[PDB]
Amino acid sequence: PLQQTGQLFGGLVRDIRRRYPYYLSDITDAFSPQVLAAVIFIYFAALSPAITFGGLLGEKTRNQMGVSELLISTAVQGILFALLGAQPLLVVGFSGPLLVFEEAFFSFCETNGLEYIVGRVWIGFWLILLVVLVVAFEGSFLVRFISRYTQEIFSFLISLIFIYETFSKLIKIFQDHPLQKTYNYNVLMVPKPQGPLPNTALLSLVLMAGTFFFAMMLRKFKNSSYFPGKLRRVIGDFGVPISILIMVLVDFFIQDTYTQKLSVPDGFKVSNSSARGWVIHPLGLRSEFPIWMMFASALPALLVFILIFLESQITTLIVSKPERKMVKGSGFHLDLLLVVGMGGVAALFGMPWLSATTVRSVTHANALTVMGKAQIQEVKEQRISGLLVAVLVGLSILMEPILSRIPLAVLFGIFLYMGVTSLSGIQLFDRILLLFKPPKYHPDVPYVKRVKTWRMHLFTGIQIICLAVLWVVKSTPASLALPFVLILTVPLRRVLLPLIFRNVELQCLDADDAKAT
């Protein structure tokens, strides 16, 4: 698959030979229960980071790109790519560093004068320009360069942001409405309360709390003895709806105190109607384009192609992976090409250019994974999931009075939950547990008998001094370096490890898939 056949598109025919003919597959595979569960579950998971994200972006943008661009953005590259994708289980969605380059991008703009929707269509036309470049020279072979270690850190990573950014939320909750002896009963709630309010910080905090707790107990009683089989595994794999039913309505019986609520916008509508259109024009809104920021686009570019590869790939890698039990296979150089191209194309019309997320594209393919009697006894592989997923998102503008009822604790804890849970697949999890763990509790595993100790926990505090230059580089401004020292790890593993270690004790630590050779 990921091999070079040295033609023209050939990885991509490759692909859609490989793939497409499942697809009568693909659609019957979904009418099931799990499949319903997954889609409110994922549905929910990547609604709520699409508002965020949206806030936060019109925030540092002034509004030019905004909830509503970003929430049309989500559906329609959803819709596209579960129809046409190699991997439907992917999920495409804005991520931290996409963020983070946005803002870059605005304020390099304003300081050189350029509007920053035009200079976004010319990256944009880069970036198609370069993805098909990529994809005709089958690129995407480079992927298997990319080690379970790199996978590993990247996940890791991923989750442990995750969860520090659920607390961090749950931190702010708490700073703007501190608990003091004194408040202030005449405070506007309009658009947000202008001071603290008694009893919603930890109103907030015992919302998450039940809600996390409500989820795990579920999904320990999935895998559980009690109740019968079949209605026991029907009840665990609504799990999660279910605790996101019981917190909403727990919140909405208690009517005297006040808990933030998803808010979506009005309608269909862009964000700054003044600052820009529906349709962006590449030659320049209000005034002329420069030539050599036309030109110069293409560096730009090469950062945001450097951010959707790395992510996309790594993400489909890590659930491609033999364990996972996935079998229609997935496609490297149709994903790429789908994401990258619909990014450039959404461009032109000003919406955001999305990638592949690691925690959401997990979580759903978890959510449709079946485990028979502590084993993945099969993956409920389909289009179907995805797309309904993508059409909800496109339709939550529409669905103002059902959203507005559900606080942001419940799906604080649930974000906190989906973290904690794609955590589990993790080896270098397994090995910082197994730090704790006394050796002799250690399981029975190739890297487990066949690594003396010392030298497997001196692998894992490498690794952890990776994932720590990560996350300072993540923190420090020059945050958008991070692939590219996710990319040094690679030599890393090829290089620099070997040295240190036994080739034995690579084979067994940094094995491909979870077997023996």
The other form holds:
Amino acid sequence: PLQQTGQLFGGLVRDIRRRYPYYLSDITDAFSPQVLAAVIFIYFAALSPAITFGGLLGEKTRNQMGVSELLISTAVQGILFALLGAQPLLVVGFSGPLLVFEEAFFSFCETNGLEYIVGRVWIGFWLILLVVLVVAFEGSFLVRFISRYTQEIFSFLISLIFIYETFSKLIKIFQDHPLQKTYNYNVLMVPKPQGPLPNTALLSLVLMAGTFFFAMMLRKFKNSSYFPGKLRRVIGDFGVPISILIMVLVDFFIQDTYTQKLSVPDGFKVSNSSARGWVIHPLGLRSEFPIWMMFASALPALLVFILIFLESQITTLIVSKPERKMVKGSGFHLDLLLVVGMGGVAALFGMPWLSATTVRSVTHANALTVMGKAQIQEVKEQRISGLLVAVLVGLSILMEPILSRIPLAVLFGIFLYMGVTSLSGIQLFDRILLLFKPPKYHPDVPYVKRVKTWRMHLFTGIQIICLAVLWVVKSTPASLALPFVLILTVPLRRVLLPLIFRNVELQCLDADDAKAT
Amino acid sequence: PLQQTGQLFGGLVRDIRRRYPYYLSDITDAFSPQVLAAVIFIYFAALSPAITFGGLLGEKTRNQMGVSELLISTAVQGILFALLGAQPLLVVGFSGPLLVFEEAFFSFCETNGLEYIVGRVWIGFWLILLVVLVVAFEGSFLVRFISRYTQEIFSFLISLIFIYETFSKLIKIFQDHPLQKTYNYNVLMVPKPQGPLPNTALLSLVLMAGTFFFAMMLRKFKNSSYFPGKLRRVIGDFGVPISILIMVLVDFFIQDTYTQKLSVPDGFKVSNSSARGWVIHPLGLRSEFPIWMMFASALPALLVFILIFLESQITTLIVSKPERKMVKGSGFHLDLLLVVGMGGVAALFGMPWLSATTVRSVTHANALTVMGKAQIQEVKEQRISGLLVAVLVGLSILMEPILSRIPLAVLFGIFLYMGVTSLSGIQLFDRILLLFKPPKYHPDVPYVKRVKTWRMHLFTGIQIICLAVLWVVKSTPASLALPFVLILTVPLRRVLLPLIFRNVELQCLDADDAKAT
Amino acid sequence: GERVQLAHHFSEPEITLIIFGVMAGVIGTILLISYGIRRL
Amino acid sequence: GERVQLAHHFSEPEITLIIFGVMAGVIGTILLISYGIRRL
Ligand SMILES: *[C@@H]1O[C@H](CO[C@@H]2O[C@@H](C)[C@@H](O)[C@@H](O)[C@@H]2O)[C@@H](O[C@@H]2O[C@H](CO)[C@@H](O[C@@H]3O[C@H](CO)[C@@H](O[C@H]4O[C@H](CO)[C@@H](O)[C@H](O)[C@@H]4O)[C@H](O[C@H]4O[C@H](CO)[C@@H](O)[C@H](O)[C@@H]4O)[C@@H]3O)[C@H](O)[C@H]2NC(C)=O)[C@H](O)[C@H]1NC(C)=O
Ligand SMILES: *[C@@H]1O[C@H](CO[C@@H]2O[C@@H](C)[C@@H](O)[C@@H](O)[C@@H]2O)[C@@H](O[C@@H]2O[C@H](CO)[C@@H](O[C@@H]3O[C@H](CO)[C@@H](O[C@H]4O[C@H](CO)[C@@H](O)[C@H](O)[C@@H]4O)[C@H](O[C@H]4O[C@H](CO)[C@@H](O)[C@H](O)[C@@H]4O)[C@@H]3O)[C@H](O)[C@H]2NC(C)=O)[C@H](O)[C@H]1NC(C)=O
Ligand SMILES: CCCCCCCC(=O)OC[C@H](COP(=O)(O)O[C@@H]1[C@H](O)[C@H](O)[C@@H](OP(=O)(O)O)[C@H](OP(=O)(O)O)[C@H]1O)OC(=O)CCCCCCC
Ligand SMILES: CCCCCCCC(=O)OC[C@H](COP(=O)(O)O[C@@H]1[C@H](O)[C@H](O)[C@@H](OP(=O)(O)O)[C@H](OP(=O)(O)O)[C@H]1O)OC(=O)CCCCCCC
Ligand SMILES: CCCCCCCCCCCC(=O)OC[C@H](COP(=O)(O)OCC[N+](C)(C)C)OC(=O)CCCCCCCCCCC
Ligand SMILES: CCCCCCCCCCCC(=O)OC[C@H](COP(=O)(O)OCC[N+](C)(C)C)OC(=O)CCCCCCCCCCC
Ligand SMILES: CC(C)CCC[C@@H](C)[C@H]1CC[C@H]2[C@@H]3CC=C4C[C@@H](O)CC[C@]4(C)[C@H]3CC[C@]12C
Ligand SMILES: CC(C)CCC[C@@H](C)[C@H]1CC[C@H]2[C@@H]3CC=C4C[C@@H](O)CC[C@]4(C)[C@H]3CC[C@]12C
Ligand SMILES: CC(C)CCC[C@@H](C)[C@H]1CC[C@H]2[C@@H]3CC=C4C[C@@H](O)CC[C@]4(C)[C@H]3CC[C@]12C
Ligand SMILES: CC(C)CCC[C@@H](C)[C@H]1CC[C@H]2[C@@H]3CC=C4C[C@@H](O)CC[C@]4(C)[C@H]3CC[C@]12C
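Could you present the same protein in the form solved in complex with the partner chain, rather than the form deposited without the partner chain shown above?
Every chain and every other molecule in the complex is listed next, the one we just looked at coming first.
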């Protein structure tokens, strides 16, 4: 798929001829219990980041963009991607770097006096032009130079960040409601508690620990040798929904203690009915848009395109590895075109542009993975799961009574489970674990019995330094330079690593298909 | 060690000749960090039941027998047993059936106006005569009729009771300190909370679970392939002390919340300084003891003798199984004489008579077991560990500034660890698991490969019915009849079981040394 | 939309089709130039 | 002991010595009976 045909739109056309003949199977392969369990799992895994990022978006943008706009954008883009995308297992949604750009743009528009919502409309206009030209000249073929080195580094960094934020939310709960000898028994409740409350932080930790515990116990039970196998398989597939049901039920029966719940908006209305409508005029709402910023929108559009491109294409690389047993193919040109074009169109409606999110998509692919009798047997590659997830996200406003009884702590345990299980296929994480293991224990893999142990540990430590560098850059004001610092790993792998590693260790350690050279 | 010789005290003399030559090894074999870790483990595992049972005894005896008496009796009897017993791996202390007897006697003494302490002095006096006759006539040889059937039934029931009581203690904390919207912030804390307190029950749950999780994780860390191996083994040996220290520090750094802590008596004084002194007059304290109760004390002394005999000898059978790799020998005549005679003597000092408890002894033997490269290699059979545990129990009164910072919840998680780890060597527990496991999965063991699966499950279910019957008996006021109903399982195996099972099936399922007939 | 908005010469559909047509013409321009190059 | 206690003719050591002597006597009687049986 990464071959360069030389014909205009050749990559886009080849992607359609490769995946669309499988469309009939893309519907009928979803008629399994595991596909339904994944929809409940990815429904929450896509709804909770949507709500959190929409609320934080509303707090930083003054409600120009908020929870409702993000939810509608996520639903529409996910439906259109599941119906038309060549890799339907990707989950399209909002990400942290996108939120960092939205704040950075809002702050610039406020500093210069521009309307932020109108300014985005022009970024979305420039986004469509950039992606059409890139797809026309098969610009997605440069993805072939992102080896397992950069892919594994990026995936490990994203998973570590996800785990860190999941824990930091629990620490935030503990700071908001600290353990004290005395509390005020009369504390205002609406909209959120105005003071510390007893038992809140400790119950939130228990509902997180318990969710993670049952999730992992049911995951181990699926691979276990207990019960008739078909019953064990159906119970293990519903593992995460069963754990969510158990703990939510546990919070539901303790009614004296307060726990923070999911809060969807009241209806399908803009977050700010006084600032903007559903449609944004490109020439301005309250002030005429300057003509210089219409051309100056290309640079933020270039940055947004770089962010979305790197995130989505590296996610597609990760989920479509040969070791994952994907037999249906993926489209690096069609998916990028769909994502960026839908983002540019949603910019006109005052809605966030999205990207394929690594943790969500890897969790979606893992929930559809069927394991043989330790080894991966097949993946339930279909379109119904992601489409139903997007439909449920769009309908999440209507199911407020159900979602108002689900605590965040249960979802926090689910997120910790997702972050832990997203590390399974990353060889950098296995090599990090081999650092603490005595050499005789090291497994029978090509990079152990064809590379000296200290050489392999040096290769791992060089990757660890890259991880630390990327983590430091993220925690700085210049966190939007993260795609460039990540792309700096490719010249490191191709130019500097040959200098101190011979070719055979490079073939054994950085292998696309995990082969012994 | 169970043969009958036909010579008076023949079992006792052969018991001494069997083990006493190994006395030099019984001191030098303790020079290992595993022994010290076992000392730290069994110190708490024996001290906490001592305090709890002493508090219950003082509450029910009106302080005639209390915490200090139980502590000093446990210390002295454990020291003398470690220095003289033929099986120094047994832990000698108070048990639940003994508490049930102390309450029942107190009620009879209260009903007919008999001082309770003086009757115990006469029961213990009758205890010395009974054990001398049993030892002189080699009565311990009847232990050979207690096969693996009764041993595993008793061990499984005792482990289940231990686990059930540990969870019940956590439930009581929730009942004492219920989760509730509002609390009285000004509640007297002396000497126990006089009302519900915030964050107490939840913190107790988080501490118990934390310490259980850390203990299990370090136990897995022992068998894992991580770290230098000798360093890993050291850390795995001290896993329970590390978990205890971690959770004690966690509760130490949470100052505002209240968690119940270990409380030891103020000094080495009698629990009730008005009721009695250190020495009890057999003729009476305030009123003259009647002559008829001097002779009538034999029957409660008889019941105490069956209780202690059954518990101690079944514990000796379980701990000294051939599969546990004890090469130093176990003495069924010497330990019974020592335990019962020491209890009868301690009755004269207003002190409880003890017994070889099953859970503590099994935990003590397990902590001294050295695992091979899944298979038991050897056990550190020595006299120093139990002696130091008894010495620390006796010294616990002067270690109040250390013990007052240890929460009960940490010890609750330690008790659950002990309960779940005491089920490893029980074939009844393994066969209960095989009920929920499909036959293809079943292991390559003689009772699976030479007995039909439904026959094996019928054999297990007959044992399950006995477990239900014994658990029911323990829940009625007639819970002191448990030794007799347990004894009734010996005719069941020897008479009723051959009526429905072939001799081959009984050899495979009820095997002394796990042999395929 | 909302509140009081500025009335422009072109409505939102008019201006968005204008921008779309300009973008389409531009894209055709780079495509035709690229067709011209790599052949001479 | 403690508090106010009734005074007996025998003290604690005297009474415990006499009871241990009676116990030794009955134990010896039973042992001699057992020696007499199993022999005649
Ligand atoms: C829904 O949206 C409302 C309107 O948002 C405004 O209009 C849209 C179209 C966009 O262009 C937005 O960028 C724009 O803000 C919100 O009402 C607004 O709320 C915010 C926060 O309370 C306030 O807006 C303005 O904040 C400026 C600072 O960022 C401030 O400038 C001031 O700067 C410092 C203080 O930071 C002062 O020292 C300066 O002296 C200076 O005043 C603005 O001040 C003036 O702005 C306009 C000028 O005409 C006036 O209308 C203001 O009343 C004020 O005199 C101002 O504080 C305002 O409260 C409010 N502004 C407007 C224009 O309505 C609404 O909060 C939002 N809803 C939700 C839920 O977020
Ligand atoms: C330390 O020991 C104290 C006294 O122990 C005494 O000496 C030892 C050697 C034993 O022989 C003990 O049996 C003996 O009492 C303890 O102080 C005692 O506390 C209990 C609990 O309040 C009370 O003892 C008695 O309780 C009886 C109930 O079982 C009661 O009979 C009564 O029953 C009902 C319900 O209580 C009442 O409504 C009736 O009226 C009926 O009387 C006893 O009543 C009478 O008995 C004595 C006999 O001499 C009289 O002298 C009393 O005046 C009383 O009227 C009695 O209440 C006492 O409070 C107290 N007993 C004594 C003798 O001081 C102490 O509890 C213990 N330490 C700890 C920590 O428990
Ligand atoms: C309620 C469930 C049953 C209990 C009531 C009892 C009624 C009941 O259902 O038991 C019969 C059945 C016996 O199992 P049986 O050997 O007949 O069936 C095999 C079993 O299902 C294995 O799990 C399958 O292998 P895998 O796992 O796919 O690799 C194997 O497939 P394959 O070899 O053909 O490929 C099956 O043939 O159940 C049990 O598994 C015993 C444990 C009972 C579990 C106890 C759960 C309470
Ligand atoms: C804490 C280490 C100090 C850091 C500095 C690093 C220095 C450091 O301590 O490690 C080097 C050293 C290498 O020496 P080496 O490999 O010969 O040591 C083996 C190691 O002790 C194994 O655990 C033993 O296995 P087992 O249990 O007996 O079967 C094996 O015994 P056996 O095969 O002959 O029977 C030993 O040979 O240890 C490691 O293996 C790495 C441990 C990984 C952990 C390293 C980091 C956690
Ligand atoms: C599987 C689940 C993973 C387990 C992870 C547990 C982490 C617990 C989070 C607490 C950290 C924290 O933040 O503690 C500090 C907290 C809150 O901070 P503050 O500064 O007091 O708030 C003031 C900030 N204002 C300005 C907003 C008011 O203070 C406390 O009340 C201490 C209670 C901590 C108890 C820890 C629970 C048990 C942990 C051990 C479990 C084995
Ligand atoms: C591995 C370590 C253990 C893990 C197992 C968890 C057990 C925790 C205890 C629950 C049972 C209990 O204690 O509930 C019983 C209590 C007592 O209620 P009461 O009406 O006051 O009692 C009546 C008796 N009176 C009259 C004396 C007062 O109920 C409650 O107050 C409700 C709150 C229970 C919170 C449950 C904690 C969440 C656990 C979920 C973790 C998966
Ligand atoms: C890449 C995409 C954004 C198209 C490229 C943008 C440039 C070439 C074009 C596209 C739309 C154009 C605008 C469309 C409409 C008007 C209103 C008119 O009264 C003045 C010119 C003005 C303001 C145009 C200026 C130039 C413009 C901004
Ligand atoms: C860095 C910490 C965290 C982990 C420690 C693991 C590393 C440093 C250790 C573990 C095993 C070690 C190797 C074991 C044996 C040999 C063979 C010898 O001829 C040269 C050194 C060499 C190749 C060692 C190099 C260092 C080594 C790889
Ligand atoms: C097995 C042990 C308990 C011995 C059996 C008890 C019987 C046989 C013996 C042991 C000690 C005996 C007591 C010793 C001394 C006296 C004092 C005397 O003025 C009256 C009888 C009396 C009170 C005796 C009664 C019988 C007695 C209670
Ligand atoms: C109580 C629950 C948990 C246990 C359920 C498992 C029991 C009922 C099942 C599981 C496997 C089954 C056995 C599997 C196969 C055979 C061989 C057949 O020729 C006779 C019956 C027999 C021997 C079955 C008897 C019933 C059995 C033992």
